[PDB]
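A lone chain, given as structure tokens: the form deposited in one PDB entry.
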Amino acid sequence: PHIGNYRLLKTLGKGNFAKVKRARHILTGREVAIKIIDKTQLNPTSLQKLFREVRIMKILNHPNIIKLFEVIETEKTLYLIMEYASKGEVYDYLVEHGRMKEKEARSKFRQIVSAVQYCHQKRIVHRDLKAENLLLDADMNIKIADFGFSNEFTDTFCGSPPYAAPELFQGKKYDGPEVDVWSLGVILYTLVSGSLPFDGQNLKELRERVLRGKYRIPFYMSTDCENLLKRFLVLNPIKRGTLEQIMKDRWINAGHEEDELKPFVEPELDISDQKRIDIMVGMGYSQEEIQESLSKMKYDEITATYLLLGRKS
């Protein structure tokens, strides 16, 4: 079971027309995650959605967002070779361990807010932020995943209802980032409490609770955490805080002297490490080939080998 330079191993999950498998890169030995998409079952609008997702992944380069390494395409199948996060979904972690202490939620939430604010810098809204789409790497760092429902902000999608902003329930047109801000308030509440702030026995009950916007504050929750939730979970999207403003909040930065959370500054990608390039020449690729794939940033077998050589094993 090979595809390109990858040996396919255990399945991580499976869904509508796709599965994700862990894999090993043969040339470097690094582990990756590969999404395998059966294109034959997709209609032309699903196909267009797929290629948009790929385009979004190429735009985004952040240490708390799953990175794209390579695209392999046949006429029947699309393979997205991605960063692997070995400790699974935040959702499953909360189920096993219960709520995080605020100091543990804070470390994760700073990473989440940095990643999503950076998406908004790039004019991308995720639109399906939920505990299930936050992965954890071997060091318990957050990696946001699955931009299959994401879009640019300049359709009639509504994500997981418990995380959906009230304007989505009323069927209202919406700009973009404000709905991610609301979902991040729901995420903060789930990290600190282990439960959702709005729930119901059915969609009607859940919808009514979201629109009322009331949620329970546990006795153990600090005043500063409660006040921060108020900046996310604002019914009026016009008055909802922006993430750049929320980054200055007291709770976000408690115990982070000299390290106030700030918008991420994307570094210039080094495509010129000759030690890595020397290794790839020894593997068989020519110097000129490596230069052309890296400069056009082709997400092909070469640029993926270069990136993976830049990561641990």
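C-alpha atoms forming the largest set that superposes within 1.5 Å between two forms make up the rigid core. Positions refer to the first chain, counted from 1. What changes on going to the form deposited in another entry:
- In this overlay on the rigid core, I271 has a C-alpha that sits 2 Å or more away from its partner position between these two forms.
- The rigid-core alignment places the CA of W251 less than 2 Å apart between these two forms.
- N61: CA moves less than 2 Å between these two forms after rigid-core fitting.
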The other form holds:
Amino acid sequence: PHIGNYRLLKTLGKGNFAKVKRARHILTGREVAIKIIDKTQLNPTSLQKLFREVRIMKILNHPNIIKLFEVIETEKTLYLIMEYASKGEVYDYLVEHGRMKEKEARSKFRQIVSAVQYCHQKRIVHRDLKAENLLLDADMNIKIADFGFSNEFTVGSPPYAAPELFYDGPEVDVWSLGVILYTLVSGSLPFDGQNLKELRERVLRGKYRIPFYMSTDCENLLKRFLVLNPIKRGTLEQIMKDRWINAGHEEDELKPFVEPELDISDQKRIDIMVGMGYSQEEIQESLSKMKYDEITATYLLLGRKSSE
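Having displayed the form deposited in one PDB entry, please output the structure of the form deposited in another entry.
There are no partners or other molecules in what follows, just the one chain.
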């Protein structure tokens, strides 16, 4: 089975009003993830919120945020065609290999901090960063899923939730980032329990174990995220200057991401799409207007590696 130019493959997750399937673009062979939302199960209020959030997704253009390629809408269904992170959860990588060495943890956490700060600068707060939406692509780059989407439009976390949720501003992501950092360096959650009430007591206590292998610089950095009072947490713009974050990046200090200009005049890719049956003029119109249609999707997918 298919939708538009995509062959639908196995379901990756399901829940609430959404399903996400792996899929293969027929025109290019590139793999994608497709979120399928049955609109008949939504009231007019949820429908309006969904389309506002889709418009937010169209403005996320960061190399560590799952990228939207194409939107297909029928009378009954919304299809969101987006980047597929072929290695699944960071958690799966921690299970296989153990904790990351601090050099690898730093490389991935710089990507995560960049992605989240980039959204915060645009007034977009995740509010639900967790194991299930921290993903890795085929080249071990971080890809964060579901920025900007309300939980009912995700497939579906107490260990990561800020203690003030136990508030919807950027500080709640900063707490979750501290949990993430701790999981990267130790392979363990900083706060756990035999049930939710014990988990909550430990989160409110704010204390977590520092293993012998954790550097003092990593410990000090965690203290900037895992502060109970939300207003005393560091800002990401401040944390970007942290000594641990930039160890080994002497003249490459982490700074807010700046979007490169999108090259929409690659004639090699345009030549391929003309072969596919699109006209040069049609291609230029879709790309310059960024229509999120079958043409812009194809152009972007032709820029990725084949057969994956």
